[PDB]
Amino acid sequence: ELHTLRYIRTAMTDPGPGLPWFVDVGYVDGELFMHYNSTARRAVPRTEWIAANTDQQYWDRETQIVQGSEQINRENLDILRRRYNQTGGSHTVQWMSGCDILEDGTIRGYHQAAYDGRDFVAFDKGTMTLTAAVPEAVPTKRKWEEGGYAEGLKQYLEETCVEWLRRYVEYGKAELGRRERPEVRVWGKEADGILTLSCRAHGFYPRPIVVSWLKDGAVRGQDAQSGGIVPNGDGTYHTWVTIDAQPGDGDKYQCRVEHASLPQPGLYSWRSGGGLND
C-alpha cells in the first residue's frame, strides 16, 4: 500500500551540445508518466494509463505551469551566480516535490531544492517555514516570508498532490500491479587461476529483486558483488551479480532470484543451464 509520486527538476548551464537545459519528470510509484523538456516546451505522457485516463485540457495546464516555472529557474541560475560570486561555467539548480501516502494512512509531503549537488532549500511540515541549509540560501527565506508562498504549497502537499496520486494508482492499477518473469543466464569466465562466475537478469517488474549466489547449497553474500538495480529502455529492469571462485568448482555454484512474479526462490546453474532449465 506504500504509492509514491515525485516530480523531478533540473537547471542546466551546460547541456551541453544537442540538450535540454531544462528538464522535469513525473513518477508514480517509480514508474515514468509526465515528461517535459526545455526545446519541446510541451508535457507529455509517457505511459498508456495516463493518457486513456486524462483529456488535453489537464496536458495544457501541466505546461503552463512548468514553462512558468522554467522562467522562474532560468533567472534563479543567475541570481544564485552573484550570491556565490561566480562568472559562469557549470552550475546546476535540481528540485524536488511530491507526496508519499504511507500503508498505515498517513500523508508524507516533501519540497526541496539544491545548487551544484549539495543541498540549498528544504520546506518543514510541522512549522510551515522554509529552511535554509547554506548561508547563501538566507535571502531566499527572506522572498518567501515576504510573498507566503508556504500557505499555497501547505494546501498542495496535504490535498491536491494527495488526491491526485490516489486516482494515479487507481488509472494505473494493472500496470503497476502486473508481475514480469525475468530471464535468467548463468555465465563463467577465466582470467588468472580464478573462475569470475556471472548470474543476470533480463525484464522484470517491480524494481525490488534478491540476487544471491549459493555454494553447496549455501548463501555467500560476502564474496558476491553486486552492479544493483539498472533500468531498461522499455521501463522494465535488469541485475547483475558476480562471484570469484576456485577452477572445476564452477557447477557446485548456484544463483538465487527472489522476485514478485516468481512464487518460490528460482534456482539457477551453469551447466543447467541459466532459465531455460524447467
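Positions refer to the first chain, counted from 1. Just so we're on the same page, rigid core means the largest C-alpha set that superposes within 1.5 Å between forms. First, how it differs from the form deposited in another entry.
The comparison between the two forms, aligned on the rigid core, picks out a single residue among 100, 183, 180, 145 whose CA moves by 2 Å or more, and that residue is 145.
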Contents of the next structure:
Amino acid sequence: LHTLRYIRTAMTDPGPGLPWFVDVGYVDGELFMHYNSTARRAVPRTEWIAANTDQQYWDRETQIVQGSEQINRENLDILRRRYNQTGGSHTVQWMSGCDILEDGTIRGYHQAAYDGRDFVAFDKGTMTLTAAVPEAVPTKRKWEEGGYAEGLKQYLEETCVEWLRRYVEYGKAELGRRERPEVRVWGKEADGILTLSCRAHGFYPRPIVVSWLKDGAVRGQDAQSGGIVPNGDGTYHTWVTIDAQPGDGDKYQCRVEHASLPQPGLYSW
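Return the form deposited in another entry of this protein as a structure block, the form deposited in one PDB entry having already been given.
Only a single chain is listed, so you will not see partners or other molecules.
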C-alpha cells in the first residue's frame, strides 16, 4: 500500500498569530509539503523531496494552493450563509489523494467537511458529487454543472498516481527504512489494582502489533492501546496498558510484532 494525501483547512478562528489556511501533503504517512496563508509559499518538509525538485516545481505548486486558499476563503462565507450563521468558529476541510494497493489497483478520493462533519464526497466511478447532508445539495448542482468531474477523474487515476510512484522512488531510503524500537514495560499500583504499561520507542515503519501475554497466553481483558502516535524525528511511538491483579507483575510479558524484528520480541518488568 502506497498513499499520496493532500489535506487542507480553512479556519475562521486559528486563532491569535496563527494562519487561517493550512495545507499539507503526505506520502505514506510522511509529511513532505507545507503551505500556510501567512507565508503564501509551498515549502518542502523532508530532505528527499527538496533534493529531487527544482524551484520551478515549487513556484508551480505555490500558484495552485494560492488559488485553493482563495476558493476556501469564499467557502467559509458561502457555507455560513448556507447554514444561516454569523461569525463564530468554523472550518472547511478537504481530503484529496490516491492509493496504490498491494493488488496493483488504484483508489481515488476527493471529499470535504464543514465543522468536522462529512459534507460532500466525489464518486470516481459515477462521476458525481455525493451530498451527505441536505445543505450540501446546492453544492452538488453547482459543482457538477462546473464540470470538474472530467478532469478530476483523470487526475486521481493517472496524474496523482504518476507523482506518487515518483515520490516513493525519491524517498525510498527514508520510506523503506527499518527502525527497531527500544521497548520498556513498567508496573504501577493504584487503589487495589496493578496497572502494567508497555511502550515501544522510535519504530519505523508505522504498522505494529503490540499484545499482552499472561503466563504465555494472549490477554485482551482490561487491555487498552493509545494507538500509534508520532515522534518529532519521523519515527513512531505506541503505548499499551493492561489492568491486572496486585502481585502478578512477573506473569506478564509484552509481545511486539514489527518489520524490524525477524521474530516477535517479548519484554518483562
